[PDB]
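The lines below spell out each chain.
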Amino acid sequence: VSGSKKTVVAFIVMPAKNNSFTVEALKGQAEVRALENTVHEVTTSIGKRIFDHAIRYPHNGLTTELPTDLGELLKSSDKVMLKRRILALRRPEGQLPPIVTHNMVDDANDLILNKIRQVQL
Amino acid sequence: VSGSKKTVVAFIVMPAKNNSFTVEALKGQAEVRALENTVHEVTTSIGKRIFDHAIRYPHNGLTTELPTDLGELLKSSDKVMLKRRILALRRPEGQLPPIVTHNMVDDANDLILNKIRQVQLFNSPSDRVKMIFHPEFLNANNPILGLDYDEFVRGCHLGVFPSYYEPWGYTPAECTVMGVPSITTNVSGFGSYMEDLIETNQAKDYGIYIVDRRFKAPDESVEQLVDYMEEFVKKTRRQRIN
Amino acid sequence: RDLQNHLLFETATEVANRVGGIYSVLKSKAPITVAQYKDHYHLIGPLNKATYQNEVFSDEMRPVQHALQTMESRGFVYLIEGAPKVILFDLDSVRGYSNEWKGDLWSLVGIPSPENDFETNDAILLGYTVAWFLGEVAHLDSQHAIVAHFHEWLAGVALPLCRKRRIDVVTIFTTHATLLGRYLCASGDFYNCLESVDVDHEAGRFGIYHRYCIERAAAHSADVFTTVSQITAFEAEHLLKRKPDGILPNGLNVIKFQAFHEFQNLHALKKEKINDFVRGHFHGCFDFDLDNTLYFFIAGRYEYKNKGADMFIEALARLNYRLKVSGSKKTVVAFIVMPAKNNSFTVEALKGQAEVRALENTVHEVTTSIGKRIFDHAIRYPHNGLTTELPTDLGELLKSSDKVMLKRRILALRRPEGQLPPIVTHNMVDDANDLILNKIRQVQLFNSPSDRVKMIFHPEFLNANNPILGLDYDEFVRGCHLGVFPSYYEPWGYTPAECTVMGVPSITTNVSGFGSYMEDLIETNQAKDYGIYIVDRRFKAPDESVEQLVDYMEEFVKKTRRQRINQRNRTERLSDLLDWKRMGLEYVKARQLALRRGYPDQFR
Ligand SMILES: O=P(O)(O)OC[C@H]1O[C@H](O)[C@H](O)[C@@H](O)[C@@H]1O
Numbered sequence: 344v345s346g347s348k349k350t351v352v353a354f355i356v357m358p359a360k361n362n363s364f365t366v367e368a369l370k371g372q373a374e375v376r377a378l379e380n381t382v383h384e385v386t387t388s389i390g391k392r393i394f395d396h397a398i399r400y401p402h403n404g405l406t407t408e409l410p411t412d413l414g415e416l417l418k419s420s421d422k423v424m425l426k427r428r429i430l431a432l433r434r435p436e437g438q439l440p441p442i443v444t445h446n447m448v449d450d451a452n453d454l455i456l457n458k459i460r461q462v463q464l
Numbered sequence: 344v345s346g347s348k349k350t351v352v353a354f355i356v357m358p359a360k361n362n363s364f365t366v367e368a369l370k371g372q373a374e375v376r377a378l379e380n381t382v383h384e385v386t387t388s389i390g391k392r393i394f395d396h397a398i399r400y401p402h403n404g405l406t407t408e409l410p411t412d413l414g415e416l417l418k419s420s421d422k423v424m425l426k427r428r429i430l431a432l433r434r435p436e437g438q439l440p441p442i443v444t445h446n447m448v449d450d451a452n453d454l455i456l457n458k459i460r461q462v463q464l465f466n467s468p469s470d471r472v473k474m475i476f477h478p479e480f481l482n483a484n485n486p487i488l489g490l491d492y493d494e495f496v497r498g499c500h501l502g503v504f505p506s507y508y509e510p511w512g513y514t515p516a517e518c519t520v521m522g523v524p525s526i527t528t529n530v531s532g533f534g535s536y537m538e539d540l541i542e543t544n545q546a547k548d549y550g551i552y553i554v555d556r557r558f559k560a561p562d563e564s565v566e567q568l569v570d571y572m573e574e575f576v577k578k579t580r581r582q583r584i585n
Numbered sequence: 003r004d005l006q007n008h009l010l011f012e013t014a015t016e017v018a019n020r021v022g023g024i025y026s027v028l029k030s031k032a033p034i035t036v037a038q039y040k041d042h043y044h045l046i047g048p049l050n051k052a053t054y055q056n057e058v069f070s071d072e073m074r075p076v077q078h079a080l081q082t083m084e085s086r087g090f091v092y096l097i098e099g100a101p102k103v104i105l106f107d108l109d110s111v112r113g114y115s116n117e118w119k120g121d122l123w124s125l126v127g128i129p130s131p132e133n134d135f136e137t138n139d140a141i142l143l144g145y146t147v148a149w150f151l152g153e154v155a156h157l158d159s160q161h162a163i164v165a166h167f168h169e170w171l172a173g174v175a176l177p178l179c180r181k182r183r184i185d186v187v188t189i190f191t192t193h194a195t196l197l198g199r200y201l202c203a204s205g208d209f210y211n212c213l214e215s216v217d218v219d220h221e222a223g224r225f226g227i228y229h230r231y232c233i234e235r236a237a238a239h240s241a242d243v244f245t246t247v248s249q250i251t252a253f254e255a256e257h258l259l260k261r262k263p264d265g266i267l268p269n270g271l272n273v274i275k276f277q278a279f280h281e282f283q284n285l286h287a288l289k290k291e292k293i294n295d296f297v298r299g300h301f302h303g304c305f306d307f308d309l310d311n312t313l314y315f316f317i318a319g320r321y322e323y324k325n326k327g328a329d330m331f332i333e334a335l336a337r338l339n340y341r342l343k344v345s346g347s348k349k350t351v352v353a354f355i356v357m358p359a360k361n362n363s364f365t366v367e368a369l370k371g372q373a374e375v376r377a378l379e380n381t382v383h384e385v386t387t388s389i390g391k392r393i394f395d396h397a398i399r400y401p402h403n404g405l406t407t408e409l410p411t412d413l414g415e416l417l418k419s420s421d422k423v424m425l426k427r428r429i430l431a432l433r434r435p436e437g438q439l440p441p442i443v444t445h446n447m448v449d450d451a452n453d454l455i456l457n458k459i460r461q462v463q464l465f466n467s468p469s470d471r472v473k474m475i476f477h478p479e480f481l482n483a484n485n486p487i488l489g490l491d492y493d494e495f496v497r498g499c500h501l502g503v504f505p506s507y508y509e510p511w512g513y514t515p516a517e518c519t520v521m522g523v524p525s526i527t528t529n530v531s532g533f534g535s536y537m538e539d540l541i542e543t544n545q546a547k548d549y550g551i552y553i554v555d556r557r558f559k560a561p562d563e564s565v566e567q568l569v570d571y572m573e574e575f576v577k578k579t580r581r582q583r584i585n586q587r588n589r590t591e592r593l594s595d596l597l598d599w600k601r602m603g604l605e606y607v608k609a610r611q612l613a614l615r616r617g618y619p620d621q622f623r
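Protein chains in written order, with full-length UniProt numbering: chain D, 344 to 464; chain B, 344 to 585; chain W, 3 to 58, 69 to 87, 90 to 92, 96 to 205, 208 to 623.
In case anyone wonders, no lab produced these hints; they're calculated from the structure. Quick reminder that beta carbons are idealized off the backbone N, C-alpha and C, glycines included.
One-sided and incomplete, this derived list gives chain B residues near chain D with beta-carbon spacing under 8 Å:
| id | residue |
| --- | --- |
| 1 | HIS383 |
| 2 | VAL385 |
| 3 | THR386 |
| 4 | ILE393 |
| 5 | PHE394 |
| 6 | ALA397 |
| 7 | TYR400 |
| 8 | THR411 |
| 9 | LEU425 |
| 10 | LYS426 |
| 11 | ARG428 |
| 12 | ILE429 |
Work out the full structure, taking the sequences as your base and the hints as a guide.
Here it is as structure tokens:
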């Protein structure tokens with residue numbers, strides 16, 4: 344209502360009978376972790392390209408002290424990787440981030456979860 | 344003359360009397376190291392920005408999976424430090440990369456340096472061959488070229504040992520053991536031994552180049568040595584590797 | 003007509019649409035055919051309205077444009098490395114002519130055509146259309162000799178008539194299997212009692228009758244008849260009642276490295292990724308040495324009998340016994356990569372990778388503090404009472420808090436008492452009824468520590484986007500040591516052929532089209548040294564075949580590293596033989612022979 348731009352992420356840390364973490368929980372952590380590593384790879388090559396330009400300037404037809412076009416730094420193979428990682432992070436259409444990290448033993452009767460489902464958060 | 348795109352950097356590793364490395368040799372390594380570090384900081388920032396875009400797409404007005412404009416990744420403070428690092432690498436106007444890594448004790452009278460000066464290999468940009476005299480034993484403890492001798496050799500493409508007196512060529516032998524082709528002479532004990540075992544035209548293919556310093560005038564020897572060198576420079580990578 | 007400056011028309015169902023294994027063959031072969039024919043080369047296929055958008069003249073070539081115009085006159091769509102020119106005919110824009118045509122066909126050659134056989138329907142439509150098109154060209158172009166190559170029963174409806182209508186163009190037909198062959202190989208002895216089978220009856224019994232005809236017709240109608248491998252030639256002789264004029268083995272578009280030994284480095288790199296996975300999978304039960312461990316794998320479509328999953332698993336159980344008996348210190352981790360119906364990765368799979376990944380991070384932390392301490396000592400010596408150049412007591416470097424976190428990480432890796440590393444990475448939809456898992460359970464390969472052979476079913480396509488084994492298929496292979504593909508029905512072994520190209524030795528069979536090609540080129544004992552192991556599945560009982568397969572695995576396990584390395588070099592040099600640069604010559608020979616047979620202008 345107040346048009347606040349802030350977000351609140353509310354954690355409930357109360358032990359309940361469960362069957363460990365959900366596949367989704369672990370899978371998403373990994374998917375992001377994969378994206379982190381690919382970016383680290385891509386930046387390293389960008390670094391080699393920036394460095395080459397910097398050590399080489401003003402020779403070999405380099406008008407500018409630094410690269411100015413992203414194309415000089417970012418190559419199609421780099422892009423393909425990054426795009427693959429981004430695709431892996433996609434959620435099925437209409438699926439929302441869950442309200443629970445674990446597989447519950449008695450999910451339908453759980454008080455906390457039923458409360459959340461009642462207020463529709 | 345041939346319009347070759349190749350470059351040859353030629354090292355001379357022969358100990359002479361010296362007063363250690365030049366300030367310029369050390370300062371230039373540091374200036375380049377400082378550039379590498381600055382680049383590493385800048386690519387870290389870039390990473391965070393690429394990552395943020397990737398994780399957030401297609402939300403928050405992100406059309407396109409990836410950044411498309413360099414401005415999104417590279418920012419003014421990043422550019423400033425990079426430029427500062429580049430500026431520090433600038434040499435005085437008209438100065439050329441030296442032909443020696445050390446402060447020689449007897450610079451003016453040195454035979455090697457005088458010869459270079461005489462043939463006028465001063466590492467000008469139009470020179471397709473470059474000269475670097477390292478008047479000291481290679482050692483991994485050295486602060487500019489932190490390699491032991493054996494390591495350095497492995498790094499190189501071609502050993503060139505056109506000896507006149509050499510009962511046994513320890514050097515081109517060690518060079519061969521490291522899988523690096525060499526040029527030797529037929530008045531060299533090593534070159535003689537290799538001349539004996541292999542047909543001299545077949546020996547070039549096994550990376551053994553032998554110069555005639557026996558049945559040829561010193562000026563013909565040289566044109567042979569040069570013929571060899573140029574032949575090698577014409578080689579492709581695949582050929583070099585094989 | 004000019005024979006030297008000829009035209010080339012290649013036709014297949016699989017042209018712009020990836021329905022099956024011919025797609026890849028045509029695609030990979032494009033660069034060499036384009037390289038030779040330039041603009042003269044055209045691919046022809048059916049228009050796949052759904053996905054054709056994805057994949058997407070000169071005067072001496074002018075007759076084409078008018079023939080297309082003529083086809084456009086009567087109410090057609092004109096890519097991949099080599100970028101060959103394509104013609105995709107919209108079959109919906111001609112569906113109405115079918116009844117006239119299906120009848121034409123029925124009286125034409127007595128090829129029935131049930132209304133249900135939607136695939137045959139399309140096959141026919143295509144055939145009549147293409148035959149019509151080529152016929153147009155044949156008149157309209159008078160300079161060039163024309164070559165019309167056709168792939169598979171589905172595309173070979175245009176062939177039959179070209180003999181009937183006596184069109185001036187020369188024809189080639191290649192079959193990449195046989196209909197009866199597949200169908201007999203329904204359950205089970209194909210290769211032995213083959214010569215003694217009835218083509219017409221058994222077809223009628225299978226219920227193709229109509230589709231069998233179209234294949235047989237195509238094979239007979241064709242000026243030149245070809246298969247992809249000896250074993251299939253033998254098969255096609257007795258089943259399609261025509262000995263083929265030759266073999267057209269499937270080549271690959273081999274990507275050569277500037278440095279020959281680069282594949283060797285790639286192997287080591289990819290193997291590190293598999294090691295990483297394996298460490299996680301065996302978290303808590305990790306009692307062997309990866310430096311002395313070998314990675315075997317089978318891969319392909321889930322075809323338990325056909326692709327030899329049964330023989331593989333049986334053999335592995337036997338090998339396991341041999342290695343235990345012989346006291347071998349080696350370990351073999353056997354992967355099965357065959358897609359099955361699953362509910363994705365197991366929590367345990369993901370959790371163990373995480374647990375290891377956390378250990379790695381804590382170690383990395385601990386080692387950096389150790390570093391600061393080693394450094395301090397080194398830079399300080401000999402001052403401040405430092406007797407020695409380096410630390411000598413681990414206590415100086417490793418502190419209590421460091422030990423605590425490490426210990427916690429180790430604890431998190433523990434598995435429940437008696438629990439063994441799984442034999443499957445995924446939650447299966449129908450676990451109890453799964454054949455592979457049944458077979459594994461039966462031979463009792465449950466990854467116990469005393470087992471020298473380990474089992475890991477991965478019932479899903481490999482993909483670098485996977486969260487546990489983050490490798491594309493090609494990478495995974497490189498990483499492994501031995502591919503093992505003991506197939507039964509396989510007109511051409513795409514798999515062990517790919518495996519060879521990655522410099523990885525493989526076990527194949529003599530009933531496999533690939534294995535047949537290799538047993539012809541190389542003396543079979545000499546071939547093992549080039550990393551091609553061929554199992555006898557023709558002149559041996561299944562039990563003997565298994566024991567042979569085991570012998571081969573045991574032989575390979577006994578190899579040293581140096582030997583393994585060298586053999587891989589040997590197998591990679593061999594990958595040349597599978598390059599289109601060499602395999603495309605057989606296509607040439609087939610095409611030139613096709614000229615000599617039909618329009619033989621030259622005495623010599
Ligand atoms: O996987 P293996 O058969 O033990 O191969 C091990 C070897 O792989 C490649 O050849 C690497 O270049 C070697 O450094 C490594 O030692």
